[PDB]
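Colleague: The lines below spell out each chain.
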Amino acid sequence: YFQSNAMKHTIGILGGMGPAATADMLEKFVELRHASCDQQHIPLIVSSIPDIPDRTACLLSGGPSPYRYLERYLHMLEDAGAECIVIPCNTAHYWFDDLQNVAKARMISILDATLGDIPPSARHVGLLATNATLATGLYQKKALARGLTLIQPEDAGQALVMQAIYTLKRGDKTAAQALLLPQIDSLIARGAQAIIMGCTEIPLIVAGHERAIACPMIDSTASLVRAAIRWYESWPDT
Amino acid sequence: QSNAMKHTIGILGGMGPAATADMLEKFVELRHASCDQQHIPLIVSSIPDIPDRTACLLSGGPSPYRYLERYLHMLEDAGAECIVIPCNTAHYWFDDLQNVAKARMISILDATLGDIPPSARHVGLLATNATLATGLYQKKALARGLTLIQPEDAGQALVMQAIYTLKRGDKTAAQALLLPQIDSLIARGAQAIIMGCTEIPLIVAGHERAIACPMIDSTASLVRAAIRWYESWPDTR
Ligand SMILES: [Cl-]
Ligand SMILES: [F-]
Ligand SMILES: [K+]
Ligand SMILES: [K+]
Ligand SMILES: [K+]
Ligand SMILES: [K+]
Numbered sequence: 001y002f003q004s005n006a007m008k009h010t011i012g013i014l015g016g017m018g019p020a021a022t023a024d025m026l027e028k029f030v031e032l033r034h035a036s037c038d039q040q041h042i043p044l045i046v047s048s049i050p051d052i053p054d055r056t057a058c059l060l061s062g063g064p065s066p067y068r069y070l071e072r073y074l075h076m077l078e079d080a081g082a083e084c085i086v087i088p089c090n091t092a093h094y095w096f097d098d099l100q101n102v103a104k105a106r107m108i109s110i111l112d113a114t115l116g117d118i119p120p121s122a123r124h125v126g127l128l129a130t131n132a133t134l135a136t137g138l139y140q141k142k143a144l145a146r147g148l149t150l151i152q153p154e155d156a157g158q159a160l161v162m163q164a165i166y167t168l169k170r171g172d173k174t175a176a177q178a179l180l181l182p183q184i185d186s187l188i189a190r191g192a193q194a195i196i197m198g199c200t201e202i203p204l205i206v207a208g209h210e211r212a213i214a215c216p217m218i219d220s221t222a223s224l225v226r227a228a229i230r231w232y233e234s235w236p237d238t
Numbered sequence: 001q002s003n004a005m006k007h008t009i010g011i012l013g014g015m016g017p018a019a020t021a022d023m024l025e026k027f028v029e030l031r032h033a034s035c036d037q038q039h040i041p042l043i044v045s046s047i048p049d050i051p052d053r054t055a056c057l058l059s060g061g062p063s064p065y066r067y068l069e070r071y072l073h074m075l076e077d078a079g080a081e082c083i084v085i086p087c088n089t090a091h092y093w094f095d096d097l098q099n100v101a102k103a104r105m106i107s108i109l110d111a112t113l114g115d116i117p118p119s120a121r122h123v124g125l126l127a128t129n130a131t132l133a134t135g136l137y138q139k140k141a142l143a144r145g146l147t148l149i150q151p152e153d154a155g156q157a158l159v160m161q162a163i164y165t166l167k168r169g170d171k172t173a174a175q176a177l178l179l180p181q182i183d184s185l186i187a188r189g190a191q192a193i194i195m196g197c198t199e200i201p202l203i204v205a206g207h208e209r210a211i212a213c214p215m216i217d218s219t220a221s222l223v224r225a226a227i228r229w230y231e232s233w234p235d236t237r
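For the protein sequence lines, the chains are A and B, in the order given. Just so you know, we're using the numbering used here here: the first sequence kicks off at 1 and counts up by one. Just so you know, we're using the numbering used here here: the second sequence kicks off at 1 and counts up by one.
Some hints here could point you the wrong way.
With a Cα cut of at most 20 angstroms, we get these calculated EDC-like pairs of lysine to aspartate or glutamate [said to hold, decoys possible]:
| no. | chain 1 | residue 1 | chain 2 | residue 2 |
| --- | --- | --- | --- | --- |
| 1 | B | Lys6 | A | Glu31 |
| 2 | B | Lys140 | B | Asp170 |
| 3 | B | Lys171 | A | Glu31 |
| 4 | A | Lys173 | A | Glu27 |
| 5 | B | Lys139 | B | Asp183 |
| 6 | A | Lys142 | A | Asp172 |
| 7 | A | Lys8 | B | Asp49 |
| 8 | B | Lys6 | A | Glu71 |
| 9 | A | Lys104 | A | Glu71 |
| 10 | A | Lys173 | B | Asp49 |
Read the hints as simulated data drawn from the structure, not as lab findings.
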């Protein structure tokens, strides 16, 4: 399988962070790839092994590091024949450069993909993300380089965004939506021209309410999927 | 700790991709978990170059067996200790795969039939032309005392069309094709209807209220069976 999977430009999804976001990524690979039939869709191998330690607990509360888990499942995907690896978790990109160095497969960053899909006129941009993604500034250096100004929720509001994410991770979308939606309105009221959904649970909470939201919402999961499809479609046989 | 020690489940999917994503969705929804880390360890093969199953069985098209075998071994080598296949037609090859498999395998057919209420003796069957033609459900249904109701030829062409319309990405058109066939099976006396092709639950999704009889979800039945397998180990919760 390995050599023919590699010849076929198989994409590996390093997911499980969390599992609903990984399932959402798979749906988006189906929705965003033009295919005449089953056989024209993207070849995908998915790691949805969610025992990976909590990313914010590690970065902000001294919890066990997820790195060695990420490294192990990365190598599992490569050994299965993945030639490109994508990670449907923003906070995990704290370790992106580390994983890239040990990877033989190509890796595509969710951060670059997401920032690249912001309309050029949107210069003041809200950011919905986990505490650790904000605190370690994962989007900060890259946003500054593109001439963007990020707006994040205040301390009280950011606690509610974190609650929404973990309520989604617990399986209660309706509760998560009631928590998140006033924070989206607050970001707009403070002048967000666009809002980055910079945690891959956020698209799952917003889904069905984009019409009720004044400004565009940038879907980091979809941005990464689109980038991976462009990689897949750039080969001479594709 | 190796994936085999952790009782990792391998999903041999890509048949088709949307149905495989649906199975992942259902693994989340059907497993009681308080956080990311309590969910089922899963490795997924969604490599869809597997040749068309009905084309093989009914027209002599290229066989999917060598692809299924290859991706099976890929999943075992990655650490899957149990394998589930979210495709009913592919279970034509279930015994062959189980012969060469080191991991446990759980049939979508047995799981689905086990989730039929015992009072439903007359059961509609929505499936591909090849699943019907090769009788994948017939002997197991006969053992349980069930009578299968399948659409007549004209209706079945429309069921097959709905499945392939969903596989092309048009859920709205697939529903327009499928829903009259569901009413027909009910009008003919179905007491439950097996969604015996894993694209059927995606077409029906959001309309079970308007349907007068229970719809038996083969994908969900398989997920529930795999979760029970995972939860039965002494060192799992
Ligand atoms: Cl073959
Ligand atoms: F994320
Ligand atoms: K599509
Ligand atoms: K996430
Ligand atoms: K659940
Ligand atoms: K199927």
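Colleague: None of the hints should be skipped; say for each whether it holds.
Modeller: We went through each hint and held it up to the structure:
1. B:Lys6 x A:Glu31: The hint is violated at about 32 angstroms.
2. B:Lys140 x B:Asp170: 33 angstroms, violated
3. B:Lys171 x A:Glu31: Roughly 11 angstroms separates the two Cα atoms, so the pair holds.
4. A:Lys173 x A:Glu27: 18 angstroms, holds
5. B:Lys139 x B:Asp183: 26 angstroms, violated
6. A:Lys142 x A:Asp172: 33 angstroms, violated
7. A:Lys8 x B:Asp49: Within the cut-off at roughly 10 angstroms; holds.
8. B:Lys6 x A:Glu71: The given pair, whose Cα atoms are some 17 angstroms apart, holds under the 20 angstroms limit.
9. A:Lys104 x A:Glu71: The hint holds at about 12 angstroms.
10. A:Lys173 x B:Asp49: Not OK: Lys173 of chain A and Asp49 of chain B at ~34 angstroms, beyond 20 angstroms, violated.
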